[PDB]
Amino acid sequence: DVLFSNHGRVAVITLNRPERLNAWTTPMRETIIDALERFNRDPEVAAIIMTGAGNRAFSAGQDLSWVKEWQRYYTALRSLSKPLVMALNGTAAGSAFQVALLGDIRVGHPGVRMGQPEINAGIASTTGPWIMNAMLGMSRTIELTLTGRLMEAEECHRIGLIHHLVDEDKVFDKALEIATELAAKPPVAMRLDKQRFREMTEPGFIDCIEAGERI
Amino acid sequence: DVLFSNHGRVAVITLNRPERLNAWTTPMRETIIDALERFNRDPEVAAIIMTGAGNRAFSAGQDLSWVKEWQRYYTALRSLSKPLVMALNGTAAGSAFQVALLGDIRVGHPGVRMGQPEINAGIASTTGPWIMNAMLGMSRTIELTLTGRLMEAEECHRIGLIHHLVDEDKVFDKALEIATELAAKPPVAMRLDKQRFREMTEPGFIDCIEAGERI
Amino acid sequence: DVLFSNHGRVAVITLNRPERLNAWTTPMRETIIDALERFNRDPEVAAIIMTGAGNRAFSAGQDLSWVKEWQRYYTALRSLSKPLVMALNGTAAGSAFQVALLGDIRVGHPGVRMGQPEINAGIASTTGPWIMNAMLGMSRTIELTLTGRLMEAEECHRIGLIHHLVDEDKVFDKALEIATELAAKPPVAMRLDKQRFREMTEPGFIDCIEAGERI
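Residue numbers (the deposited numbering), protein chains in the order written: chain A, 4 to 68, 81 to 230; chain A', 4 to 68, 81 to 230; chain A'', 4 to 68, 81 to 230. A prime marks a further copy of an entry chain.
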């Protein structure tokens with residue numbers, strides 16, 4: 004399940020499979036994709052928050068019970096013309112780490128861990144390294160990718176992945192306050208700014224999609 | 004007004020509209036462009052400092068009383096074969112933030128704020144994001160661009176934008192001392208190094224110029 | 004001289020010209036190149052450590068007693096399908112700084128300095144700036160390249176160049192422990208991950224090789 008709500012002109016997506024640490028299934032992604040495509044044209048909606056249920060995980064990534084449907088999710092996140100805030104209520108690992116990094120702004124709390132443990136399951140990584148490098152450069156990215164380690168919140172914040180660290184019980188309010196502030200920016204400049212970020216990163220995104228079929 | 008001086012073989016450009024927080028006008032930029040083109044062939048001149056007058060601002064950016084003439088300024092800064100030190104006597108915002116980041120080395124003091132508040136005036140940004148990303152990666156850049164916030168000096172220094180933080184009254188001396196040290200480097204290796212930085216960043220620079228007409 | 008050893012399935016390359024601060028000569032590089040090409044197909048070998056002899060330097064860089084043979088070394092380091100850990104027993108300067116940064120993981124201790132002092136000898140730099148920028152962005156890179164300064168260990172670690180700082184006498188054990196942990200990762204995902212890092216950086220590598228003939 005995924006929940007949808009609004010807080011004034013801010014649409015909220017809550018990942019809601021807490022007993023599976025909000026791990027992704029294909030129907031959850033299909034629903035989130037549709038919602039992302041609506042919020043984007045929807046006039047009630049000036050910004051978007053994604054968050055997870057409970058206090059253990061934003062999302063653990065793939066339910067341990081194709082590369083194209085994933086590309087369709089990444090593409091729907093990259094297409095937004097409106098600001099997207101990640102309210103990290105806990106750990107974001109694997110494909111959830113990637114989704115979190117496709118948000119505009121990240122807020123977490125001190126128990127949030129982030130990273131990409133795919134190598135330990137024998138999965139070769141293409142999307143993660145692209146996105147991590149575009150934010151961190153090749154030295155952090157290589158170590159993160161080959162170790163598969165989860166970084167603590169403080170490290171995430173210090174290297175620029177988490178923009179705000181607050182008390183666990185304030186994560187959502189801080190996320191709302193940021194989303195509200197970004198909702199107030201002039202919409203044309205917002206859309207054009209976001210389109211510009213997309214264009215700057217598009218060749219690298221295409222490259223790692225194509226590297227993904229192959230590899 | 005803009006002032007020109009020399010301190011031995013170091014040419015100094017002082018931005019001198021203090022009552023307007025050294026905000027840029029078209030005649031100031033025209034004059035600075037000419038000076039930058041002379042200092043580059045001038046044999047008396049082994050390095051260059053830019054600084055602003057007074058203690059409130061390096062520059063506030065555009066006088067609140081085209082994209083091509085701006086491109087001509089950026090191009091004149093990128094063309095130098097000689098080292099360019101930014102003595103940040105105060106805040107560098109908007110297009111002044113960009114100019115500051117086209118220097119080789121930045122020196123400031125603890126009250127210096129930096130950033131790009133263009134979104135709050137409904138201006139879409141193309142140059143800023145290019146330059147910020149080339150130094151900071153996409154996570155800091157996106158947040159800086161969509162918030163339009165001014166960063167404090169300590170943040171600027173910690174993330175690598177400001178190379179030296181010193182006492183407000185030492186900013187210019189530290190700038191001179193750095194410029195003097197760089198003036199002493201072998202000139203051929205300096206010019207070739209600087210040409211190499213230009214070549215590494217040129218495709219991204221072209222891209223954001225062309226994105227600028229469009230957007 | 005260069006020493007070769009194994010610690011279980013970890014091959015170890017020790018740079019062994021301590022009286023010349025392990026500065027590179029052409030026969031040392033020729034030997035290291037061959038060893039790197041063997042370890043890569045060798046079935047006994049799941050990971051590789053490079054380190055230097057003594058306690059003053061990993062390597063000082065070029066023996067102060081062509082750009083193609085160097086490119087052959089860089090290419091042999093980039094070709095590994097197996098993890099490469101840099102046990103930094105001391106300072107890595109000039110071309111040794113570059114080699115160190117072509118490792119996957121770096122471990123040092125608090126007296127390790129790193130950087131590129133080439134400008135002070137009138138050498139123009141192309142490889143260094145490429146690699147430093149891919150890890151650090153253009154602001155740190157420009158300052159490092161034009162100053163030619165050596166950074167302290169703590170700075171290296173904070174900006175992400177050194178992954179682990181430990182006591183001088185623990186550097187090698189920490190390097191072994193990391194190399195052992197990476198040796199245990201599934202080999203196919205390791206090789207594919209490393210090939211992916213190579214592909215992401217290959218155009219920039221080609222560009223700076225070609226800039227190297229010219230410049």
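There's no promise every hint is true.
Since the list gives no way to pick out one identical chain from another, each pair is judged satisfied if it fits inside one copy or across any two copies.
Unchecked claim - SDA-like cross-link-like pairs, simulated, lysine to any residue; straight-line CA separation at most 20 angstroms:
#, residue 1, residue 2
1, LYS189, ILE221
2, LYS83, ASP37
3, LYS83, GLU33
4, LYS83, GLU170
5, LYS200, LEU165
6, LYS200, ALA38
7, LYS200, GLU217
Just so you know, these hints were derived from the structure itself, not from any lab.
Evaluation of the provided hints:
no., hint, result
1, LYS189 <-> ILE221, "neither (33 angstroms within a copy, 38 angstroms between copies)"
2, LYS83 <-> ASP37, "within (16 angstroms within a copy, 41 angstroms between copies)"
3, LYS83 <-> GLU33, "within (13 angstroms within a copy, 45 angstroms between copies)"
4, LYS83 <-> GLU170, "neither (32 angstroms within a copy, 40 angstroms between copies)"
5, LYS200 <-> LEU165, "between (34 angstroms within a copy, 16 angstroms between copies)"
6, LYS200 <-> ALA38, "neither (22 angstroms within a copy, 38 angstroms between copies)"
7, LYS200 <-> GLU217, "neither (24 angstroms within a copy, 31 angstroms between copies)"
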